[PDB]
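One chain follows as structure tokens, the form deposited without the DNA.
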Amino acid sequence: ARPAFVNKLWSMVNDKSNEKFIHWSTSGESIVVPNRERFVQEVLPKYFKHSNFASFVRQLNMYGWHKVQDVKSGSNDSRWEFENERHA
């Protein structure tokens, strides 16, 4: 059956009440978390009793989602946009 994590992710990203904290890009291709801190503080607890961002990202990685590291080191860090490896 669909894993509980995915059920929760699909539910949270599609719930308009979470819009400020996590939403699909307007293209519908990536999942955007504008600010890590607000998301962890206001959204995460609603779906996972005792979790944290590292746990959330670890689960995302297993399903093909990645925050591409395209900015040189030393050259924000709070914005997290996720893109999936699997393409059409």
Contents of the next structure:
There are 2 protein chains.
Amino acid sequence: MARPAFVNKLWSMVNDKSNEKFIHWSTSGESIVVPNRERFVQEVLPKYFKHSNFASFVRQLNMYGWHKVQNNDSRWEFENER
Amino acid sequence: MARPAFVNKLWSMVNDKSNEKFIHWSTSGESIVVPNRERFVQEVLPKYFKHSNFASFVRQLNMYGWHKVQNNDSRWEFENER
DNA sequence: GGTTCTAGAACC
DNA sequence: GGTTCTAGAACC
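Mind pulling up the form deposited with the DNA bound next to the form deposited without the DNA we just looked at?
What follows is the entire complex, opening with the chain shown before.
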């Protein structure tokens, strides 16, 4: 596509059914949910990056207009401005 | 002590032998090592904070002069300026 | 003060 | 461009 590479990766991620259990669109096709950060870093990130680093993932999500939608740091949900 | 509360927690953390396997001083008593971030967040953080959030932990370490000493984001090692 | 989301900055 | 350490900012 014409979108930034990171953005293309994210798209492949949430639209590739094999990642479904770790990262998926929300029911109302509203946002993106990562039920369990640990499982997601283990199983999904390595298919797309040489280094599996959740912090680097979140940093880039922020860079491209995604925000975290508001006890542990296990579940994560993000939504985009545009 | 007179040091900031976060700093007192960190001290209790690395000096309390029961946390030894998750967070400890380095051999040369040089820095602080967290062999496995996941185990550390599971077992150590909850004894000290209502919320176990590694990112909030790292943020505060930076706030108080600690720096990360330079494939996954599993192992972490920090050292202090002063 | 305590916490956590978002951005700066500098290295790759 | 890719990545990751450190700091700003704003809410608690």
